[PDB]
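Let me begin by handing over the structure; questions about it come next.
In this view, the complex is presented without one of its protein chains, the others remaining in place.
When the chains are written out, they are named A, B, C and D in that same order, and each has its own residue count from 1.
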Amino acid sequence: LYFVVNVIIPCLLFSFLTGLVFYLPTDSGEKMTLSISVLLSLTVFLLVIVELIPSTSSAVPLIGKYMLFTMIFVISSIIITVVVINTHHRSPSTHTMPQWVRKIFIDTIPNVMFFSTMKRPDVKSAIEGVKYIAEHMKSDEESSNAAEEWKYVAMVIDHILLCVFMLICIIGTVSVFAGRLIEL
Amino acid sequence: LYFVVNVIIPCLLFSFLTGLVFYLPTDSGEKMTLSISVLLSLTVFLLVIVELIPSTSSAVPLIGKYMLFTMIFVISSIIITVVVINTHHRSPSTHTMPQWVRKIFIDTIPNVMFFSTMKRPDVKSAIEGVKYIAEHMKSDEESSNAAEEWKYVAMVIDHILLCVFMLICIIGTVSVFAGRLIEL
Amino acid sequence: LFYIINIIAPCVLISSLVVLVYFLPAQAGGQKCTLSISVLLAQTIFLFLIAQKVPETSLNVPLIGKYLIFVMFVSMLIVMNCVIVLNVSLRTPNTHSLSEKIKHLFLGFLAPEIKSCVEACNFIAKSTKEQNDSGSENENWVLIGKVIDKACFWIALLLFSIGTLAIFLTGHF
Amino acid sequence: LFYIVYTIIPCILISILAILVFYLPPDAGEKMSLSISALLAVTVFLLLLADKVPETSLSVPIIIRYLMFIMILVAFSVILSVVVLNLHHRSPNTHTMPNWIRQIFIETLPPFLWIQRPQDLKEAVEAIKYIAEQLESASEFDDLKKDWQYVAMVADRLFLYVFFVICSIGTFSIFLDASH
Partner (left out) sequence: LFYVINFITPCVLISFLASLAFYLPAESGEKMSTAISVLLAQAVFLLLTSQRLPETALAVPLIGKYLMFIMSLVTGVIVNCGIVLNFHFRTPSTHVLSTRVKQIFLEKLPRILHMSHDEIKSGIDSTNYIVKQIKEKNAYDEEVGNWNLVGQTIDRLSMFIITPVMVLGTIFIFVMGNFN
């Protein structure tokens, strides 16, 4: 009871939060805020754990095992969040969307996400000037469409990753501890 | 040797980082981020000193004086950074540039900065509307020019302060440390 | 085994995070500096952590302390390079000058109412043209920044891997 | 007295912070700074308490119980801030606003909560018409986005009030119970 309350519960909370980061839309530019603050909280808690658990070396304790899994869990989260941000801000000038990315993440995947709510004289000069303004607006709209397609792809990746990372947190959590729980 | 690697090297890193903020442009909203985080790092380091050096009260140690110097150094850099960001966003409507400010910081000092590379029916309704659009562009460009003049003053201030700050860093460091070091 | 499980592996994991900064965008909102300076703060925490394990004699620096200093310094270099990329990508023809050298290296190898209406239309088109020019220059500088991202990514990956493997396989032998 | 100062005063000021995060406008882009920095404070207070409570493992002292309760309250305030920010930054390109959200949060709650808010001429005409159309399209897109963000706004106000009540009452009760 003492060790549960004083050690394990805080670690559960931080695992949950880090998992939550994937529901934050990329349009709110605060993905790096949240993920790096979670990482610093995790580092500090590493500090805590070494402060608390015994310093034996015979064998890896259960808390040791669990701490290692938690560290990898946080790290993965952070790296995929960076990945999404980088995908969203993908320059069309230097990159071209592969056909299979578009087919998979824009067309099919959003459709199988049922529980989600995501979308599935001088008059001639004047006239020429007006025409130029209109055609420039056309070209700007085209550029903006390509950018919006990239943002749409990011959003639908966030949805899918939110599902996926809840699943991974569950699976890993059950596996790490069920053996020892049943042993007691 | 033990004291050098254990104390002075980390302090050298932090000192070097301090002045780096002044080469970072104001466009990136992260001048206060970076400088305040450097300050916090130094304040945290004060723990390291306190936990490492002897806890006598007879007199102030050499590294005590050096760390006080470094405190004041950091705090000056951060104050000037804030100043320049405040000046960059000043609005013409409220703040009119004093004549002496313009004479000094916009005309005089930029010339004497050699090292820097910084520069120194319906037809009537349609016609009236066209005229309206053109005058609105006029006005937009004018307000942007005023604001741009403020931004330009801020940028020149940053350059100048970079050069001054690097010199002061150097001077202060040498004087503080060499004198004791040679005795060892 | 005790040192590997309690000090070496946790330290290595945290320190390997500095190689992530090369996949953040190099423009405002990318937060290269936020991330990198936070990683440096964790590295400081590691230096404090190690002060508690090494022996108290002061005639030499231990090997592990040497290694910590080395990795901290490499992380600092990569934070510097993120900051430099941000500076390069936000450049403008007015503040800086995009030398053609850089361009080759990166963009290469790697009634009176009628007359007043027409005048106002012409002026509108001209203002739009001016604004678009300025912007075009800006996007050129963004594309240079993206090239530099790729190139620096590869440099940093190679450097970190090599450095770490060698230094920590010397101790194992 | 001793305990009042040395433990309760610092705690109080951190609880006021975490409450204040819900008065910050979502447009400021500073909710996560405030909230997560409050969470750092709470974990710091747990470190602070470690070296004052007795080292026995039969039970948990009341002061640690109150710290944990306060920690969980502060966490939930963070959580709800992150929800509000998620709501604010929704758009038609990502979400479809449901009828129940609109009915509950825009129509009903605000009054209860007291908020209440020639070829060449044809060519040139086509160009002008296009310009106008673009303008208008942007406006419509922004209007839907602003409906989302208005829903965020009203939920943020409601959380403000709720958390203020909750923190004040729980803190008071705990403290009097401890000082009797």
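Here is the rule we use: a contact is a pair of C-beta atoms (placed from the backbone, for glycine too) under 8 Å apart; a residue touches a chain by one contact, two chains touch by 3 or more.
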| item | value |
| --- | --- |
| Omitted-chain contact residue, chosen from D:128, D:152 or D:158 | D:128 |
| Touch with the omitted chain, as defined above, among B:123, B:171 or B:174 | B:123 |
| Touching residue (missing chain; options B:5, B:9, B:71 or B:157) | B:71 |
| Sites on chain B contacted by the missing partner chain, in the whole complex | 29, 32-33, 36-37, 39-40, 43, 46, 57, 60, 71, 75, 78-79, 82-83, 85-86, 89-91, 93-96, 122-123, 125-126, 128-130, 132-133, 136 |
| Interface residues of chain D (partner: the chain not displayed) | 1-2, 5-6, 9-10, 13, 16-17, 20, 23-25, 27-30, 33-34, 37, 40-41, 44, 48, 117-118, 121-122, 124-133, 135-136, 139, 153 |
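Quick note on the criterion: only the chains that are shown with their structure count from here on.
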| item | value |
| --- | --- |
| Distance from the mean Cα position of chain D to that of chain B, given in whole angstrom | 33 |
| Centroid distance [mean C-alpha coordinates] between chain C and chain B, Å | 20 |
| Touching two or more other chains - residues of chain B | 130 |
| Interface hub residues of chain C, defined as touching at least two other chains | 31, 34, 38, 41, 114, 117-121, 123-124 |
| Touching residues (chain side chain A, partner chain C) in the complex | 29, 32-33, 36, 39-40, 43-44, 46-47, 50, 55, 57, 60, 64, 68, 71-72, 75, 78-79, 82-83, 85-86, 89, 91, 93-94, 121-123, 125-130, 132-133, 136 |
| Touch list for chain C against partner chain A, complex | 1-2, 5-6, 9-10, 13-14, 17, 20, 23-25, 27, 29-31, 34-35, 38, 41-42, 45, 49, 114-115, 117-126, 128-129, 132, 139, 142-143, 146-147 |
| Complex contacts: residues of chain D adjacent to chain A | 29, 32-33, 36, 39-40, 43, 47, 57, 60, 68, 75, 79, 82, 85-86, 88-96, 98, 120-121, 123-131, 134 |
